[PDB]
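Chain residues, written in single-letter form:
Number of protein chains: 2
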Amino acid sequence: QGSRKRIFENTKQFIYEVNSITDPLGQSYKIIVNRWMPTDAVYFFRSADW
Amino acid sequence: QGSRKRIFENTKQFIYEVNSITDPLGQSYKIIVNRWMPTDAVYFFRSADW
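Taken in order, these protein sequences are the chains called W and H. Taking our numbering, the leading residue of the first sequence gets 1, the next gets one more, and so forth. Taking our numbering, the leading residue of the second sequence gets 1, the next gets one more, and so forth.
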């Protein structure tokens with residue numbers, strides 16, 4: 001809970017804390033869950049490369 | 001106290017921290033207490049579906 005690398009955020013009208021795991025190298029990874037996933041794997045991507 | 005998924009917030013003129021339990025799946029649940037409740041149950045809803 002302390003290793004969070006606070007980088008930035010801008011919503012300006014709600015204190016909405018998003019669940020996002022961090023990386024030691026200085027990366028911010030969002031987390032998404034979908035029932036249509038195969039349940040036997042975990043995927044990473046960029047949301048624009050696909 | 002660390003599992004809070006900081007998503008967003010916007011009041012812009014007061015640092016008002018709201019009591020809101022979080023969910024591992026990435027959900028934000030507000031908390032409300034009313035004396036007129038039956039005292040023997042706990043309700044969930046969407047505030048628009050009713």
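Hints listed in this document are in silico derivations from the structure and should not be mistaken for laboratory results. Just so you know, even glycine gets a beta-carbon here, dropped at the ideal spot from N, CA and C. Among the hints, a few may not be true.
Here chain H is said to cover these stretches of chain W; the calculated rule only asks that three of the stretch's residues, wherever they fall, bring their Cβ under 8 Å from a Cβ of chain H [to be verified]:
(1) 2–12
(2) 15–22
(3) 36–48
Straight-line distance between alpha carbons at most 27 Å, and here's what the computed DSSO-like set of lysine-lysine pairs gives [said to hold, decoys possible]:
(4) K30(H) to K30(W)
(5) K30(W) to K5(W)
(6) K30(W) to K12(H)
(7) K30(H) to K5(W)
(8) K5(W) to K5(H)
(9) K30(H) to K5(H)
(10) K12(W) to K30(W)
(11) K5(W) to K12(H)
(12) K30(H) to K12(H)
(13) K12(W) to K30(H)
(14) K30(W) to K5(H)
(15) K12(H) to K12(W)
(16) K5(H) to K12(W)
Verification of the hints:
1. 2–12: As far as the segment 2–12 of chain W goes, the hint holds, because 4 residues have Cβ atoms under 8 Å from chain H.
2. 15–22: holds (count 6)
3. 36–48: violated (count 0)
4. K30(H) to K30(W): Given that 27 Å is the threshold and the Cα spacing comes to 22 Å, the pair holds.
5. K30(W) to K5(W): Holds: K30(W) and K5(W) sit about 13 Å apart, inside 27 Å.
6. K30(W) to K12(H): holds (25 Å)
7. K30(H) to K5(W): holds (26 Å)
8. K5(W) to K5(H): Holds, at about 14 Å.
9. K30(H) to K5(H): holds (13 Å)
10. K12(W) to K30(W): holds (20 Å)
11. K5(W) to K12(H): Within the cut-off at roughly 23 Å; holds.
12. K30(H) to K12(H): holds (20 Å)
13. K12(W) to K30(H): Holds, at roughly 19 Å.
14. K30(W) to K5(H): holds (10 Å)
15. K12(H) to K12(W): holds (6 Å)
16. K5(H) to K12(W): holds (17 Å)
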